[PDB]
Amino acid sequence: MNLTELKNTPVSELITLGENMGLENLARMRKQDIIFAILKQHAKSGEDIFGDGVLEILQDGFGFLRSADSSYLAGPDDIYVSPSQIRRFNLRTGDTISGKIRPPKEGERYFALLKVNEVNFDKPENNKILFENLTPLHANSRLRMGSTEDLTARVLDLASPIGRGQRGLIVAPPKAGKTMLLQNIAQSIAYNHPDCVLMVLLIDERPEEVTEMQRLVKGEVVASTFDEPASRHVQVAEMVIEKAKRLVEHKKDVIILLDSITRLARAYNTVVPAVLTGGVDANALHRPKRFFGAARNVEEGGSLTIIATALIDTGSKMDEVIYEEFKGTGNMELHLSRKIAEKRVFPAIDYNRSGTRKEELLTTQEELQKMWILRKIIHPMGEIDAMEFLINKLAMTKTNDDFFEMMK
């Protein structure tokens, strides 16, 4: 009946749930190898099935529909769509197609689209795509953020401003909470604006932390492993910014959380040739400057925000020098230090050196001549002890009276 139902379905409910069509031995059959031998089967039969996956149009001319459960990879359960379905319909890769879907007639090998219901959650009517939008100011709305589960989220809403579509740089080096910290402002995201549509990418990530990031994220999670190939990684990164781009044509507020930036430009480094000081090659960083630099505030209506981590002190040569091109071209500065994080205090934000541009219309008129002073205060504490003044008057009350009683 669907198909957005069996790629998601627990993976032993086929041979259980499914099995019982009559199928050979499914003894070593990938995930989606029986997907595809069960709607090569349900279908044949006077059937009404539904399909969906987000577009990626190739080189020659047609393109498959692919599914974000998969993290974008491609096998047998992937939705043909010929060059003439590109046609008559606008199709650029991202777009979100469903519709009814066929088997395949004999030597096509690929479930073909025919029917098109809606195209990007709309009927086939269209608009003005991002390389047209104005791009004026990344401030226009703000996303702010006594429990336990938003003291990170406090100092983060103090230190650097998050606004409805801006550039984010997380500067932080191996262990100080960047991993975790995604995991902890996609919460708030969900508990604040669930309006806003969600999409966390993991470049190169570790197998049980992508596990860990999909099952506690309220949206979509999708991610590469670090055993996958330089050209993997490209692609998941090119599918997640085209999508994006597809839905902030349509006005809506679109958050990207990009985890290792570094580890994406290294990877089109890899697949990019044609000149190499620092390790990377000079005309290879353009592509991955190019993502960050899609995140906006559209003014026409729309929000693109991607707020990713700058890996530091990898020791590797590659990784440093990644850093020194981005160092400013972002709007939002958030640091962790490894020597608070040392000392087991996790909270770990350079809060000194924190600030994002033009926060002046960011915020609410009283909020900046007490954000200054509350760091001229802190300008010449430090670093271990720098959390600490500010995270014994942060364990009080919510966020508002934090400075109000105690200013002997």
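Residue numbers count along the first chain shown, from 1. Throughout, rigid core stands for the largest set of C-alpha atoms superposing within 1.5 Å between the two forms. Compared with the form deposited in another entry:
- When the two forms are overlaid on the rigid core, CA displacement between the two forms of 2 Å or more is confined, within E366, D60, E360, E47, to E47.
- Put the two forms on the same core and the Cα of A395 is off by less than 2 Å between the two forms.
- Superposition of the core reveals a Cα shift of 2 Å or more for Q32 between the two forms.
What would the structure be for the form deposited in another entry, given that what you showed me was the form deposited in one PDB entry?
Just the single chain follows, nothing else.
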């Protein structure tokens, strides 16, 4: 009946499902062939075959429905979308489409979208592109993030209040909680705000860190591994950034947690041809910024917030330039100290450095000035000295109870 349902169902059940349809000795062909031999077997004319995926409009004019469970990698069972079909529905890259499909004829190799049933979870007859939505500052509606796990999220909401559509930069040296901090936020996202579309974008990562991230996050984890070509890291990022844009057009609040705007920019640099300023062609930093530029609150409805990590102190001067450029382009930054972490001390947040632009719209005066008197007393406190102060002042309350009960 359904392609993605079939490839998800184990091979053993796939054999015993095909055999009941008169398919002989399926045990001697791969899972892939079995699925094709089953969906094709619905040659019982007028028997419905379905498929789903996220659309990628190719160069020539045609398109394909890429699958999320592959990080939108081009597979042998993508669903072909006609250049004529796109015209009939005004389709775009990032659109999530589903519906009736049919098997490849002779001379064909892929399934083709026979009938459109849904476009971005909306009826096909349904949108001004994110490219022209008006952009309020984004601070209007806040996103707060209780036990021991809520330790980081607590210091996080005090240091850098997040908003609906924040351009957030997470500065980090190696070994500082960079992963666990993101996994803490991603845990605080689905737990407190399930009404939001969470996407975690991992570029140039290790397959194990990818699968451990894929395991922990309630939401769509999309990733490209270290081995894959530079054009691949770009492809994954552009499939995702456009997917978000189409979802905000339907007035959704979308959150993207990018692993490394640093790693993504290294990729674009080698994909964008041809002017040098320290290894990186200065004209290549544009496309990574275009990605980072989408982060906004939309007045007419919805939002896109991108909290991306910036890698620093790696030993490559290129990695420094990437940071130098995106410095200030974000309306929220959170710094991790190499010392507050490597001294076996939790959230390596350098409090004084971390902050968000226009805190006032994200927080009422009673809740805002609460952070101001707090900052004033913490300001002159050292890097590691200031942190352990907050760890112990908070491990004795909830969060709001702090001024309410640490004033005497």
